[PDB]
Structures are given as structure tokens and as C-alpha cells.
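Just the one chain here, the form deposited in one PDB entry, laid out as C-alpha cells.
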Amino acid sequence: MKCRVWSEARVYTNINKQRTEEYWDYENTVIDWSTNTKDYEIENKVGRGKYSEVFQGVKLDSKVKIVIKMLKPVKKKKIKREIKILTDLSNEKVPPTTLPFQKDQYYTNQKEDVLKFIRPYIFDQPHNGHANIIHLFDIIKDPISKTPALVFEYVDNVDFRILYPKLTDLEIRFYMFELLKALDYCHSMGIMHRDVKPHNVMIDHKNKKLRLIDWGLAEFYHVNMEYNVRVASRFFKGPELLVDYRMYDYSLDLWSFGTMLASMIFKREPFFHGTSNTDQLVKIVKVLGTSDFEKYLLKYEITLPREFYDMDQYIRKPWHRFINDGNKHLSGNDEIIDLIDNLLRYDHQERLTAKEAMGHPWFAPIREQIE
């Protein structure tokens, strides 16, 4: 019970008050494992992560090419959670983001100081963000090896350190818009991803196809719940995770989105490159400045963890300072800088929501092409 000032999501606050136990209570599910991998031919390894080794394969009945994610040992409820989130997201008959926009059902946090963060622009159209969520096809467990495994849609993906340097300005705008649609959708479904980063964004460039994968750290948003802060990876951790503000929400994904975006635009990878947990916060404050950092700690009456007391005073780095001739083709306009500036804010309440980000001027050339 850490938090002094309490916080609620600006938007989609009450999804899991609307939805019941059978939707969000993953701990009280029983996983219906398939006894056999007999339906699948498992081929070669195509990727890995902290929690898995992932193999390409074929679903033999249909000949559809798939991937199989072999899960490393973890608490069993983490497995139930990933499965529940993936099935909630794929099984929704009418994705809320396909329905006509309802402002009063969107801006649900009615605190006067939170309402001031409503932007003058917003993408208010129905969209297909649900189609950017990876699809789970099966759950399997080998009887002999006892390895839990998740069968997904295959995406023909190239490592971001190869692909991203090739992308044009317009292509970055396109893909990042696709990512925002996926986030708007999972947020509308009362779910925070909490591990938004390039390795978790599959892109098939020739098919202009984007999928948001890796739902193993995702969690249901419940109003005033205090969550574990030891999630995501160091480089993408929002300030709330570092200062141990546990009452966070969907806006954590928008900090991650912003840090991913800042890396692509300024070609500094990763953008906040901490050499330790402690130094991760230092790298952030070196950029956003000490002054706003202290205003933020004051706003929520946060007592800084002990490790951060050796931090020096930093003057804010204007974003302009990240522009150079190597990156100016991506960074050399006011729109991208204002976008980044409005995502990468200490105060999570201040950050653009996915829908607000989608209506930002920087995405005009993408929005223009929708109709």
C-alpha cells in the first residue's frame, strides 16, 4: 500500500467494473491444454526472449504456417494471464474501437485537473486496431517434456536493427499509427500491454503488416490497483516504474511508445540507455530536467527510493539538440518534436492517450489516406 496521492486512468477507467470476473479473473481459469503437438510440425527457431524460445511451424490440417512459443518456467498464473488476455482480445465479437466514438464514455476520469489534459485534437473514427493484435490459435503441452506452449499466427519479421534504419519518414508514420490502433484497442478492452518495444512489434514490411505480440506481461486495469513495477525492460520503463509509483495505468504504454518513437526519429538506440536501474532514471532526467521531475514527485507526494539520492541537478535538454544531419530527414519538423514532447512526460496523466496521439498533426498524411 505504497501510494500517497491516488491516480486513475484518464480514459477507459471503468472497463473492468463494466466487465466481470469471467473476463478479467485469470487466476481462476483452468487451462484446457491439448495433450499432443500431433497437429503441428515444428521447424526451426525464429526468435527468443526472456520468457520463451519461438519456433516456426506448420498447422497440418490447414497447412497454415504458425509459430510455437515454448514457455520457460514461470509462475503458472503468468501463463494463465497471457492466455486469458490473448483470448479476451481475439474473441471480442464487436471490438469497442469499431463502434461510433462516444466522448462521455471515453474521458471517464472527471477530476478537474485531469480534464485539462484533454487535447484539442483527437482521432474519433472507428478503426481496425483489433486486427493488429497477434492471434493465438492453440494451447499445447507435450506429455513427455511438459513444456507449455502457445501457437500463434506467423509473421515474417526482420529484426528492427536491420529494418528500422531503412524506413522512410512516411513508413515510420504508417507503422507507428498501426501500433497506436492496437494500443487504443487493448486499452478499450481494459488491458495494459506493459512491454511495448521493437522486439514485441512484428512487422512484415513487404505486406505493410504490423502485429503487437508478447502479451506475457500484460495486465487488466482495475481502478486504484497498485501493480508491480518490476515489469517491462529497463530501457522502456516509465518514470512511474522507476520511482515506484504503483498506481499506474494504460499511459505506461504511451511512455514506451514515445521512447520507441524517440529512438527511431533521432537514431539513438535505445533512446534512454541506462547502465543500471539507478542510471536508467538518471538518463531520463538528464533529458527532461530536474525541475519537472521534482514538480512530478511533489504532485503525487512520492518518496524517492533511496538509490536516487546521488542524482545531480540537470537542466532540461531541448529536443532540438537531438537533431543532426544523420537524422534530420525524420526529426527536422515541428510536428514530430511536439509529438515526442507530449508522449515523454514524467506525469503519466499528462501524456497523450492513444486516440489523442492518433489525431496529432504528425499523422495527418496517414489519416488523409484512410478514406
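C-alpha atoms forming the largest set that superposes within 1.5 Å between two forms make up the rigid core. Residue numbers count along the first chain shown, from 1. Compared with the form deposited in another entry:
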Contents of the next structure:
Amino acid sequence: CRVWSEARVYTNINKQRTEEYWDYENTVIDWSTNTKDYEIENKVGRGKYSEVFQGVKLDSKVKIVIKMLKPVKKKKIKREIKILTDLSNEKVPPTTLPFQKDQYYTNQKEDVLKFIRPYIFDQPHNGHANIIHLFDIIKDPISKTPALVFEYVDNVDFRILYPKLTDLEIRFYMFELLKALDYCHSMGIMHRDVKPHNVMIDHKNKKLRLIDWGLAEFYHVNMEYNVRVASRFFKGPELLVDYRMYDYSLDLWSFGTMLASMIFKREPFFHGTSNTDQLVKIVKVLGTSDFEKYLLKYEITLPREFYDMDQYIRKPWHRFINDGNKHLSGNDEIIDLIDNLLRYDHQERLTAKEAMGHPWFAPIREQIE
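The block above covers the form deposited in one PDB entry; next, return the form deposited in another entry.
FYI, this one's just the chain on its own, none of its partners or other molecules.
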């Protein structure tokens, strides 16, 4: 990195907290052997490094899921566990406390204070309740294969559920996902793989849970992260141009792409044929002028794989409106919200609390108290 960057908000969480909280390397995992605790039933999904099953906790009869880990990635398993336990064991979640603006906008560069929006959801909330809960850490008593035990959510695949959802229900659920992001960011953690497949929704209960903490990482000031994270269609510009000094705002780009998909009924929204073409697809919408301005702000030189970039005039968002999606896309508020999330420059993006204060969410906010 030539030009250094820090998170706009929650910048120093992992200075405030110590190695006991964020040092996952120097943990020892107490795997409990499952001789009589959980009964494995039928498969409910597959992961990149796991096979996931529904089952039952034998002593209470509670329905759970068991994520059986395929053999390896030991250090990254320890990271997933530390993050999950950090998120569930916090006695007093920061996002339940009264808001303190000076402890929230913690990056005090003049250039960054310009991105503070005139609106913000500044109330306590329960976003902590929207992170999937880890209940146990086990090994198969025969195989010795390790597994994670979680809360079960009665999910409908997004490709089936989302086309059913009304404008108001989309607003409701996306607000819930923002609460979850605000909380995890307040705890100094970036999810780094936000996408519909990682958001469990039990519609009849209005219940949303953010799952798949396998790529999550602790935010450390000026740390250079691996950019081979997220999933292609949801990777932000920082990932694609190899700007390693990124932060929680990556999750807001992903949230924006998810939002844009839902509202415009175009899934995925940015459909690149390869990693390299994913960037081209973004630039073909956001335009080359602002792309070049971004590279220059950070003195980014593009990875070896890239050539042009060619000249594309920005495609305005209104261009994506059609008869099929106009009931979700035909108001000025959603356009503005999307435009404020999908920005090249990660510092420019809405934070979760900013986004939650946006006018598009007014009908959800009016129903809270």
C-alpha cells in the first residue's frame, strides 16, 4: 500500500481490547467428544470446508445444526471459533449502550469527516441477537472429525424467498442485517463474506441470522489483509484492485450489492465471468472517471492481470428500473441509498448506522418504539 487508510468508525476496538480477545493463534480448542450429546440427522447444506447437518441436542431435545469440518485449515478454524465466541459471549453488547458520537467517528482526518452523513440511526439496538449462536465445539466419537454446533434456523433459500417479499419486508430485513453488521463492526470484526447465502431468514418468525463466520477477521489499524476473501459477485473494488488496507466498509459494499440485486431483480447484480471481469462489470456501471479518481487517491497500481481500463460512461441507476422491479425500485430513496453504498472509495460508503438512519428506512424506524 502506498497510501494508508483506517476505518472511519470503530477504528481502535482492538487497541481497547487485548490479546485475550483477538489473538486466535494462541488459543487451544477444547473439542468435546460427542459420545452422547448430539444426534445427527439429515443434511441441510454444504460449505466450502464443511458438510452441515440438522440434528438434536439429546439432553434438551433442541433442534441444532452440526457443521462437520473437512480435514485442515486449523488456524482458520481457530479464528472462526474465536470470532463466534467473542460475538456471543459479550455480556453487554456495545450496540445496546447509549450512542457516543466521539467514540463512534474515531478517524479524525479532515478528509474523512466530510463523509459523515447528516442522518444516522443513533439508538441502542439488538443486532447482537442477529448473529448466529455457536453452542458447542465437538469431535465425532468414532471418526474424530471436528465439528461446530449452532443454533438452527428454519431458512428458505433466497432464490425462493426473496421474490415473495414486499417492499416493506425487504426494508425490514435489510435493517436487521444492518443491525448485525453494526454490532460485529462495534466488536472490531469484519465479516468479509456478506451475501444472501450467508443470511438465514425464517420468514414466519421475522427472524434473520448472519452465518458463515469462516472468512471473518479482526480489524487492526493499518493491517494489510488478504484480498482473496468474499465471493466473486460480492467482492468490493478494494479486493479486486488488491488494496489490502481495507476495513469494515467492505461489508457495506457487499450489503449494497445484495440490496441492489433485491431491488432491481438482477441476481447477481455484478456478474463477472472471472475475477478480472468482475471489476470490468463494476466499472461499466460506476464509470471510468470515478474509477481513475479512486486509483489516484490511493496510488493504486493494478494487479498484473489487468490491462485497460477502457472508457465507460457511468450508467445511472434509473437505467436498471423495468416493469418487473418498479414496485421496489421506483422511489428516490432506494436509489440514493444504493448510490451511497456502492462507491469505489471505501471511505465514501455509508457506515451501518448511517445507512440505518437513511430515509428509505423511516417506515421501519417509525415502528420500533
